[PDB]
Amino acid sequence: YXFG
Amino acid sequence: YXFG
Amino acid sequence: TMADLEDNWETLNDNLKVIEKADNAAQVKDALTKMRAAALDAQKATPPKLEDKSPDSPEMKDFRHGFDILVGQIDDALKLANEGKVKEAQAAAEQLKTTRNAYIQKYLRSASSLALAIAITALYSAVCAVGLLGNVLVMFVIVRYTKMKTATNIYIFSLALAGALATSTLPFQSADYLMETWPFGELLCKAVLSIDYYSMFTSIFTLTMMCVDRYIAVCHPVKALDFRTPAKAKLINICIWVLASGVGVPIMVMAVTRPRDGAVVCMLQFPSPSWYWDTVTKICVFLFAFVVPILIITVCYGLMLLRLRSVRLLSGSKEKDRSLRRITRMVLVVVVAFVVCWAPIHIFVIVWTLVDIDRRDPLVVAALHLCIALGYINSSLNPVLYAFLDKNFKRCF
Amino acid sequence: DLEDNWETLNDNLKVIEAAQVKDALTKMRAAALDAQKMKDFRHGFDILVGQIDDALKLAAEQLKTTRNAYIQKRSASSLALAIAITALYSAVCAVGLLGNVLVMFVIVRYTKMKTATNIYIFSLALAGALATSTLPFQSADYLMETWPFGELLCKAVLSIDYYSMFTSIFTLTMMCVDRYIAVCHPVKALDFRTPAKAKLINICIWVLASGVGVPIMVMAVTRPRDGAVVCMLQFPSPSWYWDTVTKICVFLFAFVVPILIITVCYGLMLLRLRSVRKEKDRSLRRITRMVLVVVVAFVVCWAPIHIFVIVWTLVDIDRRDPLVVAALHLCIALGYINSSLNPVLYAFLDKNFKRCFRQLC
Ligand SMILES: CC(C)CCC[C@@H](C)[C@H]1CC[C@H]2[C@@H]3CC=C4C[C@@H](O)CC[C@]4(C)[C@H]3CC[C@]12C
Ligand SMILES: CCCCCCCC/C=C\CCCCCCCC(=O)O
Ligand SMILES: CCCCCCCC/C=C\CCCCCCCC(=O)O
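Chains as they are written, first to last, in the entry's author numbering: chain C, 1 to 4; chain D, 1 to 4; chain A, 999 to 1106, 41 to 329; chain B, 1002 to 1018, 1023 to 1042, 1058 to 1078, 1090 to 1104, 41 to 244, 250 to 333.
Do not rely on the hints blindly, as some may be mistaken.
Using 20 Å as the maximum straight-line C-alpha spacing, the simulated PhoX-like pairs for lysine-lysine come out as follows [as the list claims (entries may be wrong)]:
1) A/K1015 - B/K323
2) B/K326 - A/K1095
3) A/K1104 - A/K1051
4) B/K326 - A/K1019
5) A/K1083 - A/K1032
6) B/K1042 - A/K323
7) A/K1015 - A/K1032
8) A/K1104 - B/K250
9) A/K1042 - A/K1104
10) A/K252 - B/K1032
11) B/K1095 - B/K1015
12) A/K323 - B/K1032
13) B/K1015 - A/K250
14) A/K250 - B/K1027
Covered stretches of chain B (in silico footprint by chain A; criterion: 3 or more residues with CB under 8 Å from a CB of chain A, positions within the stretch not fixed) [claimed, not checked]:
15) 42-50
16) 54-60
17) 318-324
In case anyone wonders, no lab produced these hints; they're calculated from the structure.
We put the beta carbon where it would ideally sit given N, CA and C, even for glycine.
The following block holds chain C by itself, in its conformation from the complex:
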């Protein structure tokens, strides 16, 4: 989880 973090994209983008």
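Keeping the supplied structure of chain C fixed, place chains D, A and B with the ligands upon it in accordance with the hints.
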């Protein structure tokens, strides 16, 4: 190189 | 900013090659026009080397003088391009290379980000290969050998299915980072983003329930013979996977590819005001997928230590009571691992939203991709570590 | 249960740290008796029972040192290690395959192999992609403790592993020779460093190395040892002899000889530079610097596995010991780092994708  | 300094420095260099490979005066003219505007823009900036130096310091005056000589020479090459000369104007571009080398170069030294990109690719590929193939193997051993006739085997399958779905995103995410663009299209962008948010919730909520299930087994062993039934475990997991579609589907609807600076971006298109709903999503993800799971699991631990402190206080037989103390120590292991893996990225998303972060700095890039990766390490390592330490599963593998 | 007995031995060592320590020591012995209930593991509990007997008479932490003769034959510590190795082989394999395929693509599609240097890079990239392709099999074998792909695939893995080791190392040695020729003999370099001659040298390497690849393919067999299957070379009688000859020939021709040649190449390129008397003058100084990076990385990446192969043949090594196993596969992968993620392959990408990775400090 080294297997096994 | 230094982004402006880097981009202007890049524009100067890129337009030198334009003249180098030019054939007409129209090509030479506009390249020098861009180069002139980028030289005047760059002389206004302060080099990272001289960031600690006064705008009127001798080094800072020397950096600016280099651009004065460059602009003067660009204007000499411009009059040749305007006059109709393409041989002399191209020859004057060569003396422009000696100027930015003997005057400016010393202040605008550069390094390669190749070793970082390799390390990042290595990190995503290792976390993907262990994660995906590992959980595909876990799922195979449960389906084909350790047949899911127990409550635990149903929970290991849910964590395994989620862990595998999570890590299947990583090849696309790392190709995007390398290429500095989304080359897979909108449909693959929707599949990626939806699977990313979806598998996050299925993974975390199936893990949370495992700790609740362990709590019931340890603290209510007689009542657990009714609750910890495989048909009851089957139902809980289906509810998680069906419930989690309130996250997967909206992300699939909002996931879009948009053009930005000649490159393609895979992103979420939030309703008006997009900045608001984007911030709300980041808050709800932090609360439901991080805070709520920590609370439930910590409460499961605290209750377990209390229920075993009473058996210890009873002083009857710690000969088999210690066999449950190993299960609660494992709950502390699961909660610390979840915090250490998820806390850095969740803090990163909060700082990213409130503060301006240097997207270009290799320290922030290294830290960002390490942070993203730890979340995957947790989602794919919880099922494999549980399964390969399960007595029944170990015999069946 | 052996796992339950293992825990009761440990969970009781902490109860000690007069009557309580004695009642704990006797509880430890009954578990240790049922833990003994393959002959080497049983010997461990005989030393453990005997030490407990001396402690019952009275040793305090001496039982923890004797426990290191039964632990390898901790629980999660073994799993953490197997994961770490799987992660190391998969990182080396995935960066190796993709880095080498990409280099080859850049040369085939964009560069178009006109220079001699690009032929030496294509061959080095092809050798690296073949080298890294055996890793899924080598890492699966480690995990399963058996060869589950049969003899034909054992022959393919062992032959490709030996063949690609020599094609890689000799293409790298010849690259340094080719570059040495440019720096020191430029009048002679004009006639030697032509793409047709680079093509011939590289082809000769690939055909020559078949004198290793073919006998290794012939000897590669799958044989059963302790209920499990092993992928191995079956040398003619006396096997111990031909095994020692093979190990000495690989260490000499694929390690010392390439270092010696690249080192002699470095030092001569160095004298040529010292003999001088602006930009074209220091352009050759970058090439000589690159040769030094090549030789340092070669010695760094290849020396540990060679010192390990020698130590293994000479000294009885505990194959089970956790830190021994960790050090072995690190040494193996570290050899593959040179083979497939070579400093020449790095420099080539750094040149061709300059703009993508260039950024101000
Ligand atoms: C759970 C514990 C052990 C981990 C601590 C989290 C660490 C690794 C993370 C969480 C938030 C992160 C920071 C978030 C924002 C910034 C600002 C940016 O301009 C530089 C990097 C920096 C300063 C990050 C560095 C690493 C960081 C501090
Ligand atoms: C186990 C899975 C392995 C993960 C590998 C990830 C795939 C890498 C994908 C693409 C690399 C393309 C290389 C191009 C880099 C140059 C930059 C550019 O083209 O803009
Ligand atoms: C986009 C991917 C979505 C996939 C949805 C998967 C939903 C199923 C989820 C978890 C299965 C949990 C195991 C319970 C089934 C028991 C096996 C059985 O007896 O039928």
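Here's how the hints hold up against the structure:
| no. | hint | result |
| --- | --- | --- |
| 1 | A/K1015 - B/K323 | holds, 16 Å |
| 2 | B/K326 - A/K1095 | holds, 18 Å |
| 3 | A/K1104 - A/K1051 | holds, 15 Å |
| 4 | B/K326 - A/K1019 | holds, 18 Å |
| 5 | A/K1083 - A/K1032 | holds, 19 Å |
| 6 | B/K1042 - A/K323 | holds, 19 Å |
| 7 | A/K1015 - A/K1032 | holds, 13 Å |
| 8 | A/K1104 - B/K250 | holds, 17 Å |
| 9 | A/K1042 - A/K1104 | holds, 17 Å |
| 10 | A/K252 - B/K1032 | holds, 13 Å |
| 11 | B/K1095 - B/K1015 | holds, 11 Å |
| 12 | A/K323 - B/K1032 | violated, 24 Å |
| 13 | B/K1015 - A/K250 | holds, 14 Å |
| 14 | A/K250 - B/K1027 | holds, 17 Å |
| 15 | 42-50 | holds (count 4) |
| 16 | 54-60 | holds (count 5) |
| 17 | 318-324 | holds (count 3) |
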